[PDB]
Amino acid sequence: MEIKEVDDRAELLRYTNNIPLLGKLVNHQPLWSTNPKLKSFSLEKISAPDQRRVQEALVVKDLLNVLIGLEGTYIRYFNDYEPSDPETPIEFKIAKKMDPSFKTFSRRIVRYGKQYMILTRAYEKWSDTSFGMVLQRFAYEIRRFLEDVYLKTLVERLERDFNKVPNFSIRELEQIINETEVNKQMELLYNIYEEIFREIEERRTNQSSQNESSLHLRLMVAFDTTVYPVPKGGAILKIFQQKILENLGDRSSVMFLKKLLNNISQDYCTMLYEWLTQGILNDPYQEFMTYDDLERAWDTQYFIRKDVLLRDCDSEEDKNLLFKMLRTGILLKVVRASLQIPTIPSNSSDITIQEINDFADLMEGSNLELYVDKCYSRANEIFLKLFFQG
Amino acid sequence: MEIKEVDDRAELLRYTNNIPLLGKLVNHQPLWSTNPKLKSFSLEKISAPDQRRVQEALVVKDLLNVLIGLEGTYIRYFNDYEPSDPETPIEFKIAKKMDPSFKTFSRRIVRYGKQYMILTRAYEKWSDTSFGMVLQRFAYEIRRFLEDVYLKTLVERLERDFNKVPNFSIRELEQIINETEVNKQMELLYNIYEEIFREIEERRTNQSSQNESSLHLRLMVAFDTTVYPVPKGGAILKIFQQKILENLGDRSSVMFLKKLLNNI
Amino acid sequence: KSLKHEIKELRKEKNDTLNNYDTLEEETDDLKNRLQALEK
Amino acid sequence: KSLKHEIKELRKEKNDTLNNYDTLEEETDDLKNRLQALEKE
Amino acid sequence: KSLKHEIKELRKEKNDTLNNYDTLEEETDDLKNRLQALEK
Amino acid sequence: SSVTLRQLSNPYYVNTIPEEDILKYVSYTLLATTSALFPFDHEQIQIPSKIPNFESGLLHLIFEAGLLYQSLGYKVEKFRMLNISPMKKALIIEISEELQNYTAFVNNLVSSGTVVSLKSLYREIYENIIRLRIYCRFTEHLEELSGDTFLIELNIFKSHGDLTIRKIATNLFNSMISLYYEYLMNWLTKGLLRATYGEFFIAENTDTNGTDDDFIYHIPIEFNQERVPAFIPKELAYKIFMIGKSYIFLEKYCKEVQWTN
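Taken in sequence, the protein lines are chains E, G, X, Y, U and F.
Numbered according to the authors' numbering, the first sequence spans residues 1 to 210, 222 to 306, 318 to 412.
Numbered according to the authors' numbering, the second sequence spans residues 1 to 210, 222 to 275.
First residue of the third sequence? That's 166 in the authors' numbering, and the numbers climb one at a time after it.
First residue of the fourth sequence? That's 166 in the authors' numbering, and the numbers climb one at a time after it.
First residue of the fifth sequence? That's 166 in the authors' numbering, and the numbers climb one at a time after it.
First residue of the sixth sequence? That's 163 in the authors' numbering, and the numbers climb one at a time after it.
Hints listed in this document are in silico derivations from the structure and should not be mistaken for laboratory results.
A couple of the hints might just be wrong.
Unchecked claim - The calculated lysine-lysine pairs, modelled on BS3-like cross-linking and capped at a C-alpha distance of 30 angstroms, are:
(1) G:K184 / F:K329
(2) G:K45 / G:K24
(3) X:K173 / Y:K197
(4) G:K249 / G:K93
(5) U:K179 / U:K169
(6) F:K212 / E:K269
(7) E:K24 / F:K417
(8) Y:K177 / F:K329
(9) Y:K173 / E:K45
Said to hold, decoys possible - DEER-style ranges, computed between Cβ atoms:
(10) E:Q207 / X:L168: 40 to 50 angstroms
(11) G:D80 / F:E239: 25 to 35 angstroms
(12) F:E366 / E:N206: 49 to 59 angstroms
Note that beta-carbon positions come from the ideal geometry of N, C-alpha and C, so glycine has one too.
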């Protein structure tokens, strides 16, 4: 192949304000559509059955480049692809003169390459602060997955066999992609991405849309029915529990999804535990089920974010449990503020509360009910001791 | 590399009247600029990406020799270096046909080589009696640093890896220098030396210069407002305290400077 | 709004130019496919 | 106001793409001239 | 004072000679490279 | 058919730079140095024309680490010669220590010989590219924000969901808070406001308007309630202010030198 001469220079982006915390800071390489660095050796010159494997070698090289979102010689970006646009669509156009079997296989691989690009862009985007640490931990999980499963598989199997294994092929490439299940794990992460994206789109377009139990108690409270632009906390744990309810029967998929749900929600379980045992509200990303005002000092009015709730709050027992959690937290903060202490001693009651180590396990049965009941009894014991002896 | 024939007699110095107490008493070796002992094998002939490690090894040898002030085959003193004159300036010029990455790393390491030369010359000078025991103890601490830390690092790490450790390279040389803190501690010593030097220069140029409590009390005592040519005692302990202040936050630099002050 | 409008026009012009370049390459290949039977 | 960088990048990328397009029209014209020399005979 | 003057003049001549040497060596090497091509 | 697909693809990419030479020179380019292959410019790396668009894209991804290392080294060398508060110096030291760990990691990769392709080199430095990205984002406004603002921001980022951002923020916060504890310790045991650069909630205020020019009635020290960090209760902040004020009082006006010492 001949060599064309284009000025190619790597450099950090000058304007880094519209770039997320983990967005790519280096500029983009020269695109084949505008700045080709090779006089493309047209394919039909090696289309004969004796040059078929040479064509396969070229195409598999281009596919190993595509599987990480780089354009090969014969598999180039869509005409509408704009790399300087973080919202740009992502498609690949395949050399028309390619062997049709290679073309089919290359389409099926281009699919996973586009999924890789989209997921990379998605973890970059959700690494920001406005998305809540549930979605941030999810983005971290996506990045960890790519780097330590998908990139590992690519590098150590497909590229390594291209370099090392004779009689390697493109059908063996797709087979190896399907073996390690990395395509199914990518399909699960990309389905979760698509669901979060569809919900964001609904919340951004369906904007024109907008109990006596809240008064039956002695409460300076209010429901916060603000439908936030991006789902947070419970709104995304509902997405994950729904994707577990949908993928039942495929047990590897369910194990993967449950590992995801248990990793992502660790910090959320920490929030809920600290709330139900200390009345602490360490919510910097505004995603807990309840919050206060004045961010005179004790004059606090609690709100309930109906958007980030773990449950529906429609039924009777659901509102009972919700208000019991809010009440546990209120009583424990009142105790802490009374004793001027920063935390509540662990021995200030005979009822000990264990942490939350498996979120799905907490949400699945009535474990949330009994857990909040234990926390509520402990809070009421401490609170009535305070108010009856001090 | 083929040998050249020059006269190299290592003898003591004839006149030692303007030499400090610890000043060097031998004469200087022949410089490459005037008396080269080898025909320099031009580096352009090993610029091929296959012979790149050969040029790397030659540059590492020159660097291990520069690190103690000795000019190498391809890294040499510049033109104004006069070895007999002790107040000479010190810079190294690097072979222009060297690989540009090797030139960059070599300039970085030449910084340390020049700092070693200047610090050795500094304690040699400050070993005199006209400098006060504070500057003399600082010169003793400088020489003990060199001998027991800088030369120990140099030999037992850099030369032992250049002789026994494959996969060693100039970038790993600079990494080793940065990891052992030798660059940071030597930079600290060189900053203190430069502060003492600017002080000496001010006191040498600022010659346009000129308490009632000693009278409110029965004290037949006067003030000696003499501004000496070199700082002594408190005028140097103040420099060290000022350095410890300017290094607040770098606990390693603060510990080094505090041990230096407690020693001096 | 004017900067965004120039971006919209320049993107449309890029997309049109690339579709024209693809079309011209198909014409180039058709001309080569005619000509190679004469020059061989 | 940094939208001006995408404007300059698109203008440069368009001009590069148009230099490719003009070069491919010169190649198109060369092929048409070579066809007009041979295909008639 | 006279000895210090002579030292300064001799130091200057040395520096100029050394700078001239390098300029001359560079010319010498360009000529060698041209010659190696011609003798080859 | 023992010919691998790489050997079948090679004859079409012979006018390009072989991968092994690209690796030899990337060894240096990752450390923000120039070379004969990648002539690292002012702040550009100038990828040659013998490197096609796919290798060029992969090299852009890889050289993100080299450019980030260069920018962070520039920040370190700039602030190493400036006059900055101790807490900014601790932040600069954490930056330079990250750069030192990155240099050690790149040198281990290159010297081990286990890196045989650009894609494996990209996967190996991926998380290091991410860490350098975080470090270069956190310190974009280094010369424009005070140490306590950095404490507030890193306290916000200690709750991030990403473990890497959270860990970097936690370490930066722990170093800057060690030096803030040194500020507090100085003020509480010596009444010193030495080298705080306006990062402390207690500032020496010798600004008077003719009333008490010699501080007979004043003790020229003010206590800004708007600068108290969110991790210190205003009651404990007032107690700190009063402990320092009482130490300075006892030592300067009550001449109680032995007991204050």
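Query raised in the report: Among all the numbered hints in the text so far, which are the ones the structure does not match?
Result: 2, 3, 4, 6, 7, 8, 9 and 10
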